[PDB]
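Q: All chains should be modelled from the sequences, with the hints used to inform the complete structure.
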Amino acid sequence: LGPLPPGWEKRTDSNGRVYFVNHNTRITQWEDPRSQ
Amino acid sequence: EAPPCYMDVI
Numbered sequence: 437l438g439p440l441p442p443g444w445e446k447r448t449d450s451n452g453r454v455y456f457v458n459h460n461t462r463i464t465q466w467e468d469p470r471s472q
Numbered sequence: 329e330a331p332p333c334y335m336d337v338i
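From first to last, the protein sequence lines are chains A and C.
The opening position of the first sequence corresponds to residue 437 in the entry's author numbering, with each subsequent residue numbered one higher.
The opening position of the second sequence corresponds to residue 329 in the entry's author numbering, with each subsequent residue numbered one higher.
For the record, the hints were derived by calculation from the structure and aren't laboratory data.
Please note: incorrect hints may appear among the correct ones.
Claimed, not checked - List of simulated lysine to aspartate or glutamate pairs, DMTMM-like, C-alpha gap at most 25 Å:
1. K446/A <-> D336/C
2. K446/A <-> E329/C
3. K446/A <-> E467/A
4. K446/A <-> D468/A
A: Structure, rendered in structure tokens:
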């Protein structure tokens with residue numbers, strides 16, 4: 437539901453686990469920012 | 329665990 441907020445990108449690590457990266461703050465996190 | 333460091337990501 438809804439686009440990611442600007443700056444954010446969804447990726448998958450080398451084991452297949454989905455995470456989210458915020459290119460403004462250079463933080464990566466497991467949690468979908470749209471859930472927050 | 330935590331996700332990769334950004335500087336590993338990019």
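Q: Holds or violated: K446/A with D336/C, Cα cutoff 25 Å?
A: At roughly 15 Å apart (the allowed maximum being 25 Å), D336/C and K446/A satisfy the hint.
Q: Hey, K446/A versus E329/C, does the alpha-carbon distance stay inside 25 Å?
A: holds, 18 Å
Q: Quickly compare the C-alpha distance for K446/A and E467/A to 25 Å and report which way the hint goes.
A: holds, 10 Å
Q: Taken at face value, is the distance from the CA of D468/A to the CA of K446/A at most 25 Å?
A: holds, 8 Å
Figure legend: structure checked against the earlier numbered hints; every hint is met.
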